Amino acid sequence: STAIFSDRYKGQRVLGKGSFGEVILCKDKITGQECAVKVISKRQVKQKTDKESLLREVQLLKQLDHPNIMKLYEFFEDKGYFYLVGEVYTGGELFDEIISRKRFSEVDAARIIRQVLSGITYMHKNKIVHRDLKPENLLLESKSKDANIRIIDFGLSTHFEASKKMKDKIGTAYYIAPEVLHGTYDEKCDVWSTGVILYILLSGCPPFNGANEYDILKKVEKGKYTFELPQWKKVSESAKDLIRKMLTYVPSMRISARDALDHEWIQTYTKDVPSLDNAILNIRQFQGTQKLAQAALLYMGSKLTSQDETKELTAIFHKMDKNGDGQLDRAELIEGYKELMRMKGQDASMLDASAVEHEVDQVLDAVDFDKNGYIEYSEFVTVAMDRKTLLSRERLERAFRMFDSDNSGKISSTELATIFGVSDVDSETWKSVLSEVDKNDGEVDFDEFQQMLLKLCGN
């Protein structure tokens, strides 16, 4: 018989959303081993390769081991989902650790890039390509100041098709190698993406940029960049030589990962060096902007999902209510919430019967409903969904506060232009919505920003 994911693992909490799906902190029910499970929904993600090829890749990945590559433990598949069970890392995204520190030098950058290049080198020796290497795929193993970088998502893009949805796409255009856009690509695309990351580490600005996603892609495809910005005066010639070699347009002429490890810059700076204060400043601004744009898109998506699920759940309970008096018991609420997860593949958190029992009890405990009697289901629906809406609203607010680093309480019109450009929300469209919200002003507070987002998702 086929092994079942939830026979072995219980969900602890959600770690986050990554490429191809949600990631849940899980725990082995016998051994206590904790793990990070990427859950891919088959309805939402199409496979590029056949079953035979995916299984073979899994079997290889399980046997690979390198300090700078996520360890894969197990793999499960059922009717609706893939469950990718990996080692859990607790140090967060690299760029989030970098913006916290007060000093950052070419020595710190070289030590980071050496780690990325070692991991890439190992995977290329094993004929595995990333293709979607970006700052978000560089996690720190733990919270220790010295901790190793673990690259996540190697091999996924070979087997599954990327989302076309901006909420998933955001951030990708800066890093993608030109040859990936045109269709003929190989392992050298990973060196390009690393070159882009290095350019950003040392100046705090992407080498290929523009006012929206297509304008970025246009700049990537042309392939031209310069080091004429002021903060490149601080930087060694050898770093720029390595960057040039990694951002070489024709992949056969581009440096390999392994050869990049032997480059003068890596050799000097990882065995007197000033801090790159302007770079840290610009990275903090870059990161903040990207995180608010993402948070804006997830808020909009979560509002749409709620409109969908609120009405669906009501229809399920109405159907279940035999004599139509509006009263269901707890086991019926559980069954209906299960029917919702059957129709919707959204909550990776809720793909196990006991998880749903627990979530229903949390809702009943909020509403002051007794769980052993019959319950007004319409009120259960309101609370279960108001809980989600509140949680989403709080999620967005924290990201607004993070972005507003001067504690002004406001985002200016220029800043909105940048955020919505990153979010790929059309310029005349957000300006139009800003006009219906701002009837005075050139700046918005949090409530106003939130109102604009509601108007940009048909509310």
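Residue numbers count along the first chain shown, from 1. What we label the rigid core is the largest C-alpha set whose atoms superpose within 1.5 Å from one form to the other. First, how it differs from the form deposited in another entry.
Following superposition on the rigid core between these two forms, the residue from 258, 244, 111, 387 with a C-alpha displacement of 2 angstroms or more is 387, and no other. Interdomain rotation between these two forms (smaller rigid part relative to larger, C-alpha based, rounded to whole degrees) is 10°.
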The other form holds:
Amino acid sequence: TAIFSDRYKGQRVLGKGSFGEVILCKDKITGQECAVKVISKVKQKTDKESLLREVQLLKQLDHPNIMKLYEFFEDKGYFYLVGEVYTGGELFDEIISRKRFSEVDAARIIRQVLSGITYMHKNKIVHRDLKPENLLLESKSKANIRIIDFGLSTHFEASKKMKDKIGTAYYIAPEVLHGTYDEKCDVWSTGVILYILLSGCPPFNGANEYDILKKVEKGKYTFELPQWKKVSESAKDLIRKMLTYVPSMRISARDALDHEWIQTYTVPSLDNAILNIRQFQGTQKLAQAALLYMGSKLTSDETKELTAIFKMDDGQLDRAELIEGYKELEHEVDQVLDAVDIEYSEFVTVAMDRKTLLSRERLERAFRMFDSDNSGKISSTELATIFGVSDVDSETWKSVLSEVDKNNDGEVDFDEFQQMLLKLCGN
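Could the form deposited in another entry be given as well, to go with the form deposited in one PDB entry?
What follows is just the one chain, with no partners and no other molecules.
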């Protein structure tokens, strides 16, 4: 009965989310700001009665390391999950900005994650999809960590699209892959995050999604990297208990809080681990940005559908007709007409070019951030890692690279990298 739009109004986009987009919304009466995830009816893993009883329980739970869920709405085409706003950004984006990072800083982070998990397991809730992207900070500083999507992510079907799958294979418990899993899968995922905090490298890695999942399924890893020599044996011992293969023999979330490592450490800088987490995060973010650029190019579909609507027609249209044309597919129309002042062809051309330039700018920021030595280029070896994480076939991107520039000599600048992505999405 209760309608979302009768209570909240959208303000601005907050970012991407699993199963849906996240919008900053404001209560039309009290002015309370809220984070709203909009899930487009994404298949349902359970019946409607199971989702209602889970949401009812989740709304009553309260922990400082768990995101607060306020409301839940549903209409013919979407589900709306209304919760609290956390403005500190993603945890790993904060870690890469720091000059120093020690074993105390890592233990302080992992104590908060484990506190949240222990509390949710007491209430029979399983996350399953715990990963760095679901660890948000209340403020942008070295701040309380809030775990996102705890108990919600499992009621919806996992997206098969690589844009949503990037940064997930590293953290999934092996038993989740084979189908029989319980709350112990959340301890495995935290054990993987702890391994990355102390070395900057994932324990289970590979050239592509499937190669990572093969390493996870075997469950073998090592502490044989120069970084690990500067880490205590108490940290390595906790990681071993957390990354125990058989779930019944794996340590509980509660017993991990009571581990000597967490009690002792909650301080030499792990310099090589910071350099590696920066490279890891840069790679993940540029692969995501590359997929969202290709996604936005195919969507901008919008240019073809808007032309067939604007039926509505001298090669010219009034201001009100252009507003009606956009609403079928007010301030945004005036910003396009400002650069012009009109013909409907020049309006769509100026509006499309405005969305193209802004799409190019988000990709460019990710490219610049990946290019940490400010060389202006990325090597063929770096392209192989980026296209590996984004699941673009080796022969396909190498052919496209030769088409863009026959004399590339194993490197690409931003313009060339952008040209490669256009050809990889039919442009």
